[PDB]
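Number of protein chains: 2
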Amino acid sequence: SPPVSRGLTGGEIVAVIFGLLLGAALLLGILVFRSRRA
Amino acid sequence: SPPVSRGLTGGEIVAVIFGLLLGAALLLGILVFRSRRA
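Taken in order, these protein sequences are the chains called A and B.
In terms of UniProt numbering, the numbers along the first sequence are unbroken and rise by one, the last being 573.
In terms of UniProt numbering, the numbers along the second sequence are unbroken and rise by one, the last being 573.
With the rest of the complex left out, here is chain A:
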């Protein structure tokens, strides 16, 4: 887990969690509103 200039950087981590969280989160929501908003 290097600082920078490598295949791993702070922006890379925060980026993955950003799309992974908002991605799955929003996905679940829409799925619930689809036809099971209980």
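Keep in mind the hints are simulated off the structure, nothing from the lab.
Each statement offered as a hint is correct.
Per label pair, the in silico range of CB-to-CB distance:
1. 542(A) - 573(B): 38 to 48 Å
2. 563(A) - 548(B): 19 to 29 Å
3. 541(B) - 568(A): 32 to 42 Å
Sample of chain B residues with no beta-carbon within 10 Å of chain A, all distances over it, derived:
4. 536
5. 537
6. 538
7. 568
8. 570
9. 572
10. 573
Computed list of chain A residues with no C-beta within reach of chain B, every gap over 12 Å:
11. 568
12. 572
13. 573
In this text, a Cβ means the ideal position worked out from N, Cα and C, and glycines have one as well.
Starting from the known structure of chain A, arrange chain B on it as the hints suggest.
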């Protein structure tokens, strides 16, 4: 979506899509594997 700096970098983009793609993808799967594989 600049090449560097500006709080936006190549690694940041690929990172978001990485967790976003695998995030929702894996999510939807488990949802169908739970008890509704139709």
